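All chains, full assembly: derive it from the sequences and hints.
Number of protein chains: 2
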Amino acid sequence: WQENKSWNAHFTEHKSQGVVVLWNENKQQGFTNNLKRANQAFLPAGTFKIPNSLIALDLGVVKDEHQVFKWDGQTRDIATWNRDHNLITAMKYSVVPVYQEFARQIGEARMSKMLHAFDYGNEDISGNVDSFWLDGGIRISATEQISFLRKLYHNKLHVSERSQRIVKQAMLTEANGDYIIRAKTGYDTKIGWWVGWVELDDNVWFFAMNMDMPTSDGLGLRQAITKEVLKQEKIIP
Amino acid sequence: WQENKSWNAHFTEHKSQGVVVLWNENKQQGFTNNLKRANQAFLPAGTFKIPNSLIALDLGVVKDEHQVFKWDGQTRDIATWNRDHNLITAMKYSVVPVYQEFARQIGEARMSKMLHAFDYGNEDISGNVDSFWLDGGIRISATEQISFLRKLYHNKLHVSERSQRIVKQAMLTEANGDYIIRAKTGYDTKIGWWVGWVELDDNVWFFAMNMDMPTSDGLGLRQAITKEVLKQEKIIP
Ligand SMILES: [Cl-]
Numbered sequence: 025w026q027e028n029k030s031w032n033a034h035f036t037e038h039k040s041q042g043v044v045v046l047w048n049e050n051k052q053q054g055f056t057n058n059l060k061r062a063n064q065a066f067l068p069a070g071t072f073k074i075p076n077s078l079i080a081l082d083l084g085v086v087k088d089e090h091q092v093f094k095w096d097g098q099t100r101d102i103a104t105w106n107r108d109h110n111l112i113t114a115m116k117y118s119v120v121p122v123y124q125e126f127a128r129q130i131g132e133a134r135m136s137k138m139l140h141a142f143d144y145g146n147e148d149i150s151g152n153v154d155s156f157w158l159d160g161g162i163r164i165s166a167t168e169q170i171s172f173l174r175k176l177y178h179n180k181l182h183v184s185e186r187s188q189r190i191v192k193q194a195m196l197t198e199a200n201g202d203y204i205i206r207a208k209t210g211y212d213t214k215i216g217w218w219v220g221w222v223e224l225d226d227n228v229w230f231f232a233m234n235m236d237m238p239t240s241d242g243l244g245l246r247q248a249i250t251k252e253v254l255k256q257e258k259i260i261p
Numbered sequence: 025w026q027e028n029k030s031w032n033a034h035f036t037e038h039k040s041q042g043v044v045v046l047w048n049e050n051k052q053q054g055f056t057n058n059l060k061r062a063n064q065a066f067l068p069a070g071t072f073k074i075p076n077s078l079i080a081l082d083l084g085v086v087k088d089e090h091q092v093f094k095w096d097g098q099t100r101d102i103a104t105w106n107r108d109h110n111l112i113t114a115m116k117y118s119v120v121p122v123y124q125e126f127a128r129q130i131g132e133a134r135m136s137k138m139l140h141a142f143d144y145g146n147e148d149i150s151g152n153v154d155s156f157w158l159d160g161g162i163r164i165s166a167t168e169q170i171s172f173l174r175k176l177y178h179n180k181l182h183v184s185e186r187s188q189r190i191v192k193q194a195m196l197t198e199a200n201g202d203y204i205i206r207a208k209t210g211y212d213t214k215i216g217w218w219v220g221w222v223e224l225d226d227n228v229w230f231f232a233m234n235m236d237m238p239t240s241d242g243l244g245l246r247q248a249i250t251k252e253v254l255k256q257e258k259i260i261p
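In the order they appear, the protein sequences are chains A and A'. A prime marks a further copy of an entry chain.
Start counting the first sequence at 25; every next residue gets the next number (the deposited numbering).
Start counting the second sequence at 25; every next residue gets the next number (the deposited numbering).
Keep in mind that the hints are not guaranteed to be accurate.
When chains are identical, the list treats them as one kind, so a pair holds in a single copy or across two.
[Unchecked claim] In the DSS-like style, the derived pairs of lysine-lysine whose C-alpha atoms are separated by at most 30 angstroms in a straight line are:
(1) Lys-39 / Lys-116
(2) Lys-51 / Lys-87
(3) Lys-116 / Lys-251
(4) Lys-51 / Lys-94
(5) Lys-214 / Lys-29
By construction, these hints were calculated from the structure, which means they are not laboratory data.
Written out as structure tokens, the structure reads:
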């Protein structure tokens, strides 16, 4: 690990504070603007959708990325959530209710063993089985996110290869002639996250970032700041 | 099928001639600017990489999208081809030599049965086993491309689901918050192709286009014209 405090300007430029962590797969070297925050554990919030999805797929709770998860009929504040979804759209719109259902079907016991097998965060699911990642005991650091993602990238997680490929499909966020980004955002009403990786022709750059988000105002900076960092490091144009 | 001659302006705007074929999956309705050219069969050229890849994966010729295909040491005119590649980069750069090797390893017999099982084009592989798609007897129409792609999308082709998912990964071309495009280009030194699909939140639009390409000058119009059509039909913004 190498600390690059210069990356801090990206946060200050935006009257914000946080951490960005990068991992160069080819070189097995990591970078961050704050070695400490890089290791501060936080509630994963939406980013937990990645493991929740893997678990659901492996247990059959989710058949594939096409399967329809019919809306339960309860209108919620976020418009996009009040409709039928599939893994793809459920990830894109961060549809909590769908995932809460997955969690319930998964159940405490299977969830707990699964997170342990994944070596995910503090592996604690205390609280409601269908809300622990949002207001429970589970906590994960950015470096931890990276360790987890690297396993996923390489299909080394303790679930079927198929489940892993499907989740990676569902993580698709951006792609063009220069790179591909597979990631997941999160927001716990205090902290905002963006975790994933940038696929290049001959390398992969894993990333995990989090930042203070007192207001849903700046959710956009999660992606904005990260890219400024990627651009700065010449990972993307 | 519905014929929309208005789409012809897109070709004429560019001093070109060709065909664009669209298929609305949800509605099971197709559209094109020229019902006849839509059915004219042509050499698939690079677009054949899709089936070649599937076959290679299913037979073990290709392990996964990570496996390295070491350059044979013969310098070819196209710069990007003179290096080691993987399925991802091999598709992106349309690396003929890699695919020729796959074909040889696959062999005539297995190739022939595989294309028949796929119901691919005229299913004829006459010519060199490692060049038939470029200067041999195989021919496929745009509507035929679509039929083939629909099977792929739905994992209904006669190969493993895994092989199909991997190829679809390798077809990734573009993605953003509004759509995802999975496709493959082709060029036989007279005809240029772009085939694939546009994934939306609640629908999929398959597409296949081909156009006269006397010169490698206008290869760019394959994607340009198609998008103008997609935009026109309000499929993409
Ligand atoms: Cl993908």
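Status of each hint after checking the structure:
| no. | hint | in the structure |
| --- | --- | --- |
| 1 | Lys-39 / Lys-116 | within (27 angstroms within a copy, 40 angstroms between copies) |
| 2 | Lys-51 / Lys-87 | between (37 angstroms within a copy, 24 angstroms between copies) |
| 3 | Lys-116 / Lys-251 | both (19 angstroms within a copy, 23 angstroms between copies) |
| 4 | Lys-51 / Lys-94 | between (44 angstroms within a copy, 21 angstroms between copies) |
| 5 | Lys-214 / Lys-29 | within (23 angstroms within a copy, 55 angstroms between copies) |
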